[PDB]
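Here the complex is missing one protein chain, while the rest keep their positions.
Labels run A, B and C following the written order; every chain starts at residue 1.
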Amino acid sequence: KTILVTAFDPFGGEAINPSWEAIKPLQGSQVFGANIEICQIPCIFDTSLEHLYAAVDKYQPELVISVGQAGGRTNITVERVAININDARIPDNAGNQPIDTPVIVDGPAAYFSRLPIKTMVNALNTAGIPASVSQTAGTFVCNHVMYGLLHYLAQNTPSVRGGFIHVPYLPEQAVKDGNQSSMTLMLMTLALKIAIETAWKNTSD
Amino acid sequence: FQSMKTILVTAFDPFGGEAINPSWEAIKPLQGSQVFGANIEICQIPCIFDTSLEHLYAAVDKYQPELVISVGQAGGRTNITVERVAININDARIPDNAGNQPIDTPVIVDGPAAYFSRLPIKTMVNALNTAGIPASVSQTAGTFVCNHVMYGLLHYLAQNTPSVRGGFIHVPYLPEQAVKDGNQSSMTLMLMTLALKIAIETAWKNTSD
Amino acid sequence: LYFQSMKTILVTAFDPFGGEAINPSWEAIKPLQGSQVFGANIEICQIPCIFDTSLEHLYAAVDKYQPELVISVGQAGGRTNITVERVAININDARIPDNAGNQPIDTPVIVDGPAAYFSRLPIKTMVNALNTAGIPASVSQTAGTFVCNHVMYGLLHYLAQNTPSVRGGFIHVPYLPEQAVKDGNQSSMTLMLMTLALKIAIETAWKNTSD
Partner (left out) sequence: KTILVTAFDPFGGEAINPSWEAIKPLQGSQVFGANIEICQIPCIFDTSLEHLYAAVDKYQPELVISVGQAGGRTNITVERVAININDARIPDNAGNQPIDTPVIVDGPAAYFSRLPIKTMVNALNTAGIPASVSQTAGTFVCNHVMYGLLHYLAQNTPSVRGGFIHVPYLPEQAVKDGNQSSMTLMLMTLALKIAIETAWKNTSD
């Protein structure tokens, strides 16, 4: 049994992406009889989704957790819902900047996360790690991937649960001095380990 | 041959009902360090107006440090902050650990309005940033026991041992402290301790900005 | 030919909630009562801050006034500006109880309704009209999970099922200065600025069919 965990390459002028750095130590790890496979996907509209679909079809996971950077957030956030819209504040890594276009034409307006998000947030908080449910994953490539994931799973393999977790800046990214919050890499990896284990052990909230 | 010198690092007891103060937890691993020609000595100060200062004076007299760095917690701040200035006022929003809640009283009667930190604060902030640790200069240490101690420290050194440099550093909440409702930033204990190591070493090795 | 009925814009706001004695959403739209713009008369309606009951009152108002445009207003304490909502989501998750003591946890607004409805208002044009008037405003991607989002969802669903040509959406106002006096560094906007902003937003929505 496989858990697929995805993250992104650096974007928006950054030299690092905490989502990828944080999941690297999880590769090959066992989660109660499931093993973790990681995959890096490009921060590019549509191309990102092609990488995602290819990874899902290759690994045939029972659980998919996609991870992204949410610079400025203070804590770990587990996303409640993905919406069917691209509205890019900045260009992606290939220079695309879609304004109010659908992620999937004629797809539904939204998909709820299929992860046990409350249980995950409570496990994190109980472990002394600040975490909360988020009601918006943005309208950039992270939400795009969350929506595409949930749509793909619903259309092909409905018993497979997918969802999204955002991590904050690493300290090295918050040095730029706009009074930005951070979380160490060590703490991020621990938080993701707990969140993934919790999602695996608990089918629903 | 030459004498080892002494760096005194202080931190506080927990306050406002908390069970821990990360300022103390962060400096505990530094006790007994013999590094770059200096013995590091630490001391826990009660979070009580005036009594804190008596403990501070006793520690300075005991260790006869060539450098003093006092540490406190500033829950809500996003990074490590190095204080520019201590002001001669107490104005407590909550009571201290002895129940005192002074409103607009001097730290030292007829002392000057303020003391600038004598630490190389820009150099320290730059050393932290360069090491990948978020940090900034702060223009206010608050009006609670932390500012009280910063002021009392700088006044005591000025009056008694002017060549000794003192100052103050604030750490943010620990992650476990930020779990409560609210959008509060945090920094791990491990990162705090690393940041304090860098700050102390930089302060010791740089006489001015 | 003669006595051609004017079109109608329905603007709703809420009762006070959360222990407040005032709701600026209602205070801000009161001056719009008995007004008209570009061939449409404005009708206002105050709805209870109660899950499900709020929706009952909304449906009754819509049926009564047969509006061609519906804009619902609520307070989002802590926001810095005027926000125009992009999307309503099919969930109730109450941080605090409503005015009747209900505190639903992760229940649908409408059972077996879609997961979301996008606002049908020209939200970018409304935001730009506010900004160019000198009034801070932004598009929001979340109306929360309390009664405001609940009403936005129910409105969009009701219109979709019954009168699909009718456009609806939601606008949040921040705290009034008096509400922000409590400790905690809260942002605010005066009632006068809120009323001006809603006037501009409503006029822009009525005159622009799309973004």
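Here is the rule we go by: a residue touches a chain if its C-beta (ideal position, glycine included) is under 8 Å from a C-beta of that chain, and two chains touch if they have at least 3 such contacts.
The shown chains contacted by the absent chain are B, C, with contact judged over the whole complex. Note on the undisplayed chain: of the listed residues C:66, C:190 or C:209, the one touching it is C:190.
Across B:143, B:186, B:188 or B:193, the single residue that touches the chain missing here is B:143.
Annotation for chain B: contacts to the undisplayed chain at residues 84-85, 87, 89, 104, 112-116, 122, 139-140, 142-143, 209. What chain C contributes to its contact with the hidden chain is residues 80-81, 131, 134-138, 177-178, 180-181, 185-190, 192-193.
FYI, only the chains that are shown with their structure count from here on.
Interface comparison, A-B versus A-C: the pair with the greater number of contacting C-beta pairs is A-B. Annotation: 49 Å between the Cα-based centres of chain B and chain C. We define each chain's centre as the mean of its Cα atoms; on that basis chain A and chain B are separated by 39 Å.
Averaged C-alpha coordinates give centres for chain A and chain C that are 31 Å from one another.
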